[PDB]
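Enquirer: One-letter residues, chain by chain:
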Amino acid sequence: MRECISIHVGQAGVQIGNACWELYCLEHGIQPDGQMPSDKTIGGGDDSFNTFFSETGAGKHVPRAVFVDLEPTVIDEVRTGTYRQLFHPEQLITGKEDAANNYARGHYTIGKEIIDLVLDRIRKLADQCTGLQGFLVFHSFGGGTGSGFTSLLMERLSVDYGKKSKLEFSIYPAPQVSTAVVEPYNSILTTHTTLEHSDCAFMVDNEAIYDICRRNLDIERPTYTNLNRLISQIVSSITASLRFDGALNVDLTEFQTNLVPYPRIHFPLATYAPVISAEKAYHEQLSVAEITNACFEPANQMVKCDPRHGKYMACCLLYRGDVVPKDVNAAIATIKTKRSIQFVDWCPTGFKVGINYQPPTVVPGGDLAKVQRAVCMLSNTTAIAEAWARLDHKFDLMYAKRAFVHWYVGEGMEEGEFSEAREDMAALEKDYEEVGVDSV
Amino acid sequence: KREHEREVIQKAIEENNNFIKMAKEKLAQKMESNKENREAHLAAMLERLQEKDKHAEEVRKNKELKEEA
Amino acid sequence: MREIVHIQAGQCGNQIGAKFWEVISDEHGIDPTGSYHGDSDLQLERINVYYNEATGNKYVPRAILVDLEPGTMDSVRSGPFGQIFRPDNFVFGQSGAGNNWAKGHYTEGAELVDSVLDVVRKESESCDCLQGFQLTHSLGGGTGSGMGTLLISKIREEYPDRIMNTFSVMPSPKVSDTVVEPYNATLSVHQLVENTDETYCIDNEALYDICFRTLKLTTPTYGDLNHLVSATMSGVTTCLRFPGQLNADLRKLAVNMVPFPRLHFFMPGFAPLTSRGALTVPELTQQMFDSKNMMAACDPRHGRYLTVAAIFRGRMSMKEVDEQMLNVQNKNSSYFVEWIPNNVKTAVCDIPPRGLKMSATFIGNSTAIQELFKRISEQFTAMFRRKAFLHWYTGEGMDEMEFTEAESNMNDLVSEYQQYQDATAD
Ligand SMILES: Nc1nc2c(ncn2[C@@H]2O[C@H](COP(=O)(O)OP(=O)(O)OP(=O)(O)O)[C@@H](O)[C@H]2O)c(=O)[nH]1
Ligand SMILES: Nc1nc2c(ncn2[C@@H]2O[C@H](COP(=O)(O)OP(=O)(O)O)[C@@H](O)[C@H]2O)c(=O)[nH]1
Ligand SMILES: [Ca+2]
Ligand SMILES: [Mg+2]
Ligand SMILES: [Mg+2]
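Protein chains in written order, with the entry's author numbering: chain C, 1 to 440; chain E, 75 to 143; chain D, 1 to 42, 45 to 279, 285 to 360, 369 to 441.
What the hints contain is simulated information worked out from the structure, not anything from laboratory work. All residues carry an ideal CB built from backbone N, CA and C; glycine is no exception. It is possible that some hints are incorrect.
[Stated by the list, open to error] Some residues of chain C that are not near chain D, with every Cβ distance over 12 Å (derived):
hint, residue
1, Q31
2, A58
3, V62
4, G81
5, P89
6, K124
7, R156
8, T253
9, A294
10, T334
11, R339
12, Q372
13, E415
[To be verified] Residues on chain D that point at chain C, a partial pick, calculated with CB under 7 Å:
hint, residue
14, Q247
15, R253
16, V257
17, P261
18, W346
19, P348
20, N349
21, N350
Extracted from the complex, chain C is given alone in its bound form:
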């Protein structure tokens, strides 16, 4: 019951999916061939990890996941990688020609040729669910497939599944690892198109993750592998409530109730701690208070913005490991009297806390140290609008000259779609200003 289906779109979505599902298997003791010796119920069950894994008669635990890309090379690495036996071949869907960093090709020209097949495969997973709860869509903002095809899929999912929950993990572009000049275009187009079809979206700023790996892990030039290992830890913390059971465990939907005050205000800010190397973590145990305090250090956020210059509409703490409420309450009380935590006047100031007792896991050969306790903070702050503002400014500079627009018009799009998408972003920025204004 309460099954969740994960959809990984484009290179960024697929490769992040590799890190997440490898981490999930390590957390649940699932072998690369899908066997889970600790699972005594063969062929099925209603355990907490069954929300993300289905079970075959042969004892294989199969991810409730679909990998989609318009180009085969990235998913071909999954088909021949370490976890190739984990997925049925029909879960890995590939085309022959990608979207070439063009939203129009991903949404219309190339995406329309594979969209029906993807929905059919998604339907096959849904038919195996007795209590399907929603979808988790992993994609980049800047890629043609991650932007164009994701928005097309989200529109189709709303039609075929009504108002069933759809959550995003969205990769916000950064110049350090970006691959296209038109990424601000694809970002604005996909945000506008997906906005009414998404219930909750966790943005991951590649620059924030890039800086954390350099600063906290002493990685000179972080790779996608470095970034994805860190991203999967945040994703694991967010989904740990769905995959594990505990007395102090709080369901993600319960957090989602506090995080979304209006349908369009559904972009939580994520902060994760501790991110520390093995050398620095040796003989240095970080307490509940220390990791909680690091959640309010802006250098640890997954999106670059300054919450101290904005207002809070929700604050959630998702602990995992050796954590008890007594230490949480004392740590929160210390933070309340030492941090710039200003709430809007129409929202309660209490912090919502969840604890999963299962300790954090690390992929062998990685850079993250294995710690006894970790925390991910999910906050709804007006400061996340700064991420929209930076993206919208880049959009305006190019669109004032209509630079690169012919690549989109040539694939069938119109200039009206650009202005309509930009106006929606301008309204979205205005919405974040309005919710921060004090009541009269």
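Dock chains E and D with the ligands against the given chain C, drawing on the hints supplied.
Expert: Leaving out everything else, chains E and D with the ligands in the frame of chain C:
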């Protein structure tokens, strides 16, 4: 109160169906409009290339006329 | 796979085309017999972009050789890699073009264009997923310029949704003395603006200057010039031929490099350029942005950069490369357009070129390329105002109107580059 309870759940059904209907119609309009626009751009490109072929035939025909004299 | 179909037309196109295949075959470990004797799996991971695989593990280049005379192509077949090309892919005439664009474009090339299209169609049918075409030719001759532009339009007619890439060799008085080369170049440029997605401007004026001023060659031969071309062509196709994230295919390159459809003429650059008789990343980065290292005779500091693609090859610190690329952009911010943010993209390939520990290849879309077109236009108008040698063109069926239209379109291209050079964010 029972009548109000029926009206609330019917209202939720109607709004959910209307959202599905609007999403389906908006997408179909976009996909059809995009298909026409892309085909129009390709048709214009091919027409210009055909006009180049017509010009080339005119040029070659013009050479035969002067070669006779 | 994502296949590219290679076409070389005319004497210049076949010459530089042959050297290009020799260089990349060595990089991919392909011998003249088409067999693989390399030692790195990275050589064969994307080998199908430029090579077909035949019986006996033979790698046959996906190349089509075109000329209106058998002379150049016969010597290519007698070259070091002449036996690696498919014999049926040789399509040559007998009459020739006589350095007349009309004969290549209208009279003689048109008689041979259909036979070339049959070979193009055969190679495209056996493609799993065709990217497009790359053409090597010169603009100053008759066959590469005339029939080369004719082939582009005819291929564009049957493959309108594929990328058309060209390596165009710009004529210069310092290399060849055929006085109607400005005519042939202007007529060809009139076609390249409309029917190509991306064109590399290989300027013989810059090639001669590099060989003379920098390489200290008093009498530069065509082999000396072509050595620069082969090194440049290997660098600009590195992202296509090896695993990588940036500009891995022709269309993604075009999307990152072409902000406006007509402004698709690139300024290539290569580093190091040292003559017969240890290099650092900052020196390599600074050198590739210098005007003396450009393969087009244009000073980038006389214009502004719309988009730039940078490729580093060899074993080096990627942290250092990122720092130096940021450093050169900050120190030269005035020369990059502000209304295209993050317009410089950098790629690093582990495998260096032959004989070099480290190298840098520069691909730039700069408004200073108008200097190249101004030089051609100035030479064009010096003769067209006197109507010199026009009967050689009008005798094939052309008229003075087509010359005027070609001149105006190229003058419009210069104006458009100046427009976006003067454009401001505010
Ligand atoms: N964090 C992270 N970001 C990635 C990864 N791969 C790509 N990106 C980012 O995604 C953006 C480009 O989108 P991609 O996912 O690579 O492209 P795509 O979705 O496959 O779409 P097309 O290739 O154009 O058809 C850039 O901003 C990259 O920095 C990854 O593995 N991890
Ligand atoms: N760089 C270089 N340029 C060449 C070569 N051969 C010819 N050219 C140039 O091309 C122009 C003449 O074009 P050509 O190839 O002879 O005409 P075509 O054979 O009819 O296509 C002149 O401006 C030459 O400078 C070569 O091998 N290398
Ligand atoms: Ca079970
Ligand atoms: Mg991709
Ligand atoms: Mg010649």
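Enquirer: Compare the structure with each hint and give your call.
Expert: Evaluation of the provided hints:
Distance to chain D confirms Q31 of chain C as a non-interface residue, since its nearest Cβ pair spans about 28 Å, more than 12 Å. Its beta-carbon lying about 34 Å from the closest one in chain D, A58 of chain C satisfies the requirement of being farther than 12 Å from that chain. Remark: the non-interface label on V62 of chain C is consistent with the geometry, its nearest Cβ contact in chain D lying 30 Å away (cut-off 12 Å). Every C-beta of chain D lies more than 12 Å from that of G81 of chain C, the closest at about 15 Å, which supports listing it as non-interface.
Under the 12 Å C-beta cut-off, the non-interface status given to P89 of chain C relative to chain D holds; the minimum distance is some 19 Å. Even its closest Cβ contact with chain D, about 27 Å, leaves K124 of chain C beyond 12 Å, as expected for a residue assigned away from the interface. In this structure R156 of chain C is separated from chain D by more than 12 Å, as the shortest Cβ-Cβ distance comes to about 25 Å. Residue placement check: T253 of chain C keeps its beta carbon more than 12 Å from all beta carbons of chain D (closest about 37 Å).
With a least CB separation of 26 Å from chain D, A294 of chain C remains clear of the 12 Å interface cut-off, as annotated. Taking the minimum C-beta to C-beta distance to chain D, about 38 Å, the non-interface status of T334 of chain C holds against the 12 Å cut. Chain D leaves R339 of chain C outside its interface by the beta-carbon criterion, the shortest separation being 33 Å against a cut-off of 12 Å. Every CB of chain D is more than 12 Å from the CB of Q372 of chain C (nearest about 32 Å), matching its label as outside the interface.
Distance check on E415 of chain C: its Cβ is at least 14 Å (rounded) from any Cβ of chain D, clearing the 12 Å threshold; non-interface status holds. This hint holds: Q247 of chain D has a C-beta 6 Å from the nearest C-beta of chain C, less than the 7 Å allowed. Look at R253 of chain D: its Cβ gets to within about 4 Å of chain C, closer than 7 Å, so that hint holds up. With a least beta-carbon distance of about 5 Å to chain C, the hint placing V257 of chain D at the interface is held under the 7 Å criterion.
The interface hint given for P261 of chain D holds, since its Cβ lies 4 Å from the closest Cβ of chain C, which is under the 7 Å cut-off. With 7 Å as the threshold, the beta carbon of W346 of chain D comes within range of chain C, its nearest partner Cβ sitting at about 5 Å, so the hint holds. Because the closest C-beta pair between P348 of chain D and chain C is about 5 Å apart, less than 7 Å, the hint holds. Taking 7 Å as the C-beta contact cut-off toward chain C, the hint placing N349 of chain D at the interface holds, the least distance being around 5 Å.
Given hint, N350 of chain D at the interface with chain C, holds; its Cβ is 6 Å from that chain's nearest Cβ, closer than 7 Å.
Every hint from the earlier list agrees with this structure, and none is contradicted.
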